[PDB]
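K.L.:
Below are the chains, spelled out letter by letter.
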Amino acid sequence: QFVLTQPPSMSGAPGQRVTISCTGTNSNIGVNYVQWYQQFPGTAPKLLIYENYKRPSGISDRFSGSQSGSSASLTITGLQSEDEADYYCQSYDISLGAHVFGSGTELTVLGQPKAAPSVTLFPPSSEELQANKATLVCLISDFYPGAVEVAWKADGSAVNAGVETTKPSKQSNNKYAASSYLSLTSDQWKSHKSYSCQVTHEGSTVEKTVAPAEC
Amino acid sequence: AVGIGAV
Amino acid sequence: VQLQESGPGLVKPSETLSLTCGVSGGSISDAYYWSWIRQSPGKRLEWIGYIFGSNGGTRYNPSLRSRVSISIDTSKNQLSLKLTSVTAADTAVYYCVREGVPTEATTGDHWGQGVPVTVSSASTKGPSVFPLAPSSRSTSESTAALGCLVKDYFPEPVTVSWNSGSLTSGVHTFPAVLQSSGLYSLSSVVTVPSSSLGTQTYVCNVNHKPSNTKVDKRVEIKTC
Numbered sequence: 001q002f003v004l005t006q007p008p009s010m011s012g013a014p015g016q017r018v019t020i021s022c023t024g025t026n027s028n029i030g031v032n033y034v035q036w037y038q039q040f041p042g043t044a045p046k047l048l049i050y051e052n053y054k055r056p057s058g059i060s061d062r063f064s065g066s067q068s069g070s071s072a073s074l075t076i077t078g079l080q081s082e083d084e085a086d087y088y089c090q091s092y093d094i095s096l097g098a099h100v101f102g103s104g105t106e107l108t109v110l111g112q113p114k115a116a117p118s119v120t121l122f123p124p125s126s127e128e129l130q131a132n133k134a135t136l137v138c139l140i141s142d143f144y145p146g147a148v149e150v151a152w153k154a155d156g157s158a159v160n161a162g163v164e165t166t167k168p169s170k171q172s173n174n175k176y177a178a179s180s181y182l183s184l185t186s187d188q189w190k191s192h193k194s195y196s197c198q199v200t201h202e203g204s205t206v207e208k209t210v211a212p213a214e215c
Numbered sequence: 512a513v514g515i516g517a518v
Numbered sequence: 002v003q004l005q006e007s008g009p010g011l012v013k014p015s016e017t018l019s020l021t022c023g024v025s026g027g028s029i030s031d032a033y034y035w036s037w038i039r040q041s042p043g044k045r046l047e048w049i050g051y052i053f054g055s056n057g058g059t060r061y062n063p064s065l066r067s068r069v070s071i072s073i074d075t076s077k078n079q080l081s082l083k084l085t086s087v088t089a090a091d092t093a094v095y096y097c098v099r100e101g102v103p104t105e106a107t108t109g110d111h112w113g114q115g116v117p118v119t120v121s122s123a124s125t126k127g128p129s130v131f132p133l134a135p136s137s138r139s140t141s142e143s144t145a146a147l148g149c150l151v152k153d154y155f156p157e158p159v160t161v162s163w164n165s166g167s168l169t170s171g172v173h174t175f176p177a178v179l180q181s182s183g184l185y186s187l188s189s190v191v192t193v194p195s196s197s198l199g200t201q202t203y204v205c206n207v208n209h210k211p212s213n214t215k216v217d218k219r220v221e222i223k224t225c
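In order, the protein sequences belong to chains B, E and A.
Last residue of the first sequence: 215 in PDB author numbering, with the numbers rising by one and none dropped.
Last residue of the second sequence: 518 in PDB author numbering, with the numbers rising by one and none dropped.
Last residue of the third sequence: 225 in PDB author numbering, with the numbers rising by one and none dropped.
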């Protein structure tokens, strides 16, 4: 139950003027102040606007805030890729006697070039072999856009067991990371000649391999 | 309030 | 004016979550609203309540008023939060915030970094750290990757350091994966000039507060 709703996603080009809207009821925005918070991947929310339009020191002047009736708006004039973050309006709800936050809008800035991922496939450490297990670690970093397809193979066939794969994660530089682990027993590992991590991004694919004969 | 404060 | 949170990374259902916030660079008695804010997975933000520094009068979000209590320890310069009868609905990241000075050139709010509290019946477990030693298939065109596998731990978070924080350039520690076991696995790698591989030493400091375990492993290249 959201008494403050915002579009889930919003997109805008660099230099453009974009606005994030916040729709509330008479009991919060209609009569109370609204604050605007900005939050980057892995970061605490950063206060951007208070008392509907006031900027704290240090906040770029490209951000402006308005409010009328029971609606509020955040405006970025001159969109920068630096601005890619999540945005929340925040107000006080009289009906519910509590401070509330909006649904949040994820703002992405287009025009960033496509970047192909760097892929690193580590074999199992000999210690972990000593523990009768074998984990193959496939790290996929610094790609854009954030969709990537990962497939594992033992000697030639696909394997759909023991495979665990993260969702891609917005890194601090607005490109994405991800990682996939293949969990085997030491015997399974020594029962195939090669295991391979095949990561496909933007219709182009690269495949790294590890082989017990090398260790 | 700068942020969440007195109503 | 900074803030930081301490508390158990895991709490069992129906038990009581307890958190502490330590304040440095400003007094806790000051006439300010000190709020506890939680952010669930799914990035939903909820205001739990605040306490006013001078009187200590508190106001709670009515949806949680029974289970919550917020208080102040003037001698420690401390803020405290207790939430009873917790369920999986309280697994979230928790922050302490001070409104911040009301002046023409304020920096704004003040937020702690946030402590993730996971509510689950399953027991805490520390990670086993095995080294990710570079192949030459990893030493392609002078620079090799070498890392630490922080495997099979619960619950979040773990934090990794390289040479006790003395080496920062070229470290990417990846977000952890939630294995279908219910356990997390994570990796941290550092990219290095191949020349260093014979001379320098790379030790990763894996740290896991919820299970009180800390592991210090060194990574070494060895053929096979």
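Keep in mind that the hints were calculated from the coordinates and are not lab data.
It is possible that part of the hints are untrue.
With a straight-line cut-off of 30 angstroms between C-alpha atoms, the simulated DSSO-like cross-links for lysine-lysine are [stated by the list, open to error]:
1) A:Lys83 - B:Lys167
2) A:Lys44 - B:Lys167
3) A:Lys223 - B:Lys170
4) A:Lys223 - B:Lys193
5) B:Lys190 - A:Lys223
Sample of chain B residues facing chain A (criterion: CB under 7 angstroms; computed from the structure) [as the list claims (entries may be wrong)]:
6) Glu51
7) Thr120
8) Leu139
9) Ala177
Virtual Cβ for every residue (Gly too), placed ideally from N, Cα, C.
K.L.:
Next, verify each hint and record whether it holds.
P.N.:
Against the structure, the hints:
| no. | hint | result |
| --- | --- | --- |
| 1 | A:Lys83 - B:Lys167 | 33 angstroms, violated |
| 2 | A:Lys44 - B:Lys167 | 16 angstroms, holds |
| 3 | A:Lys223 - B:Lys170 | 34 angstroms, violated |
| 4 | A:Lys223 - B:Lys193 | 21 angstroms, holds |
| 5 | B:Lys190 - A:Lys223 | 19 angstroms, holds |
| 6 | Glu51 | 10 angstroms, violated |
| 7 | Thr120 | 5 angstroms, holds |
| 8 | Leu139 | 6 angstroms, holds |
| 9 | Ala177 | 6 angstroms, holds |
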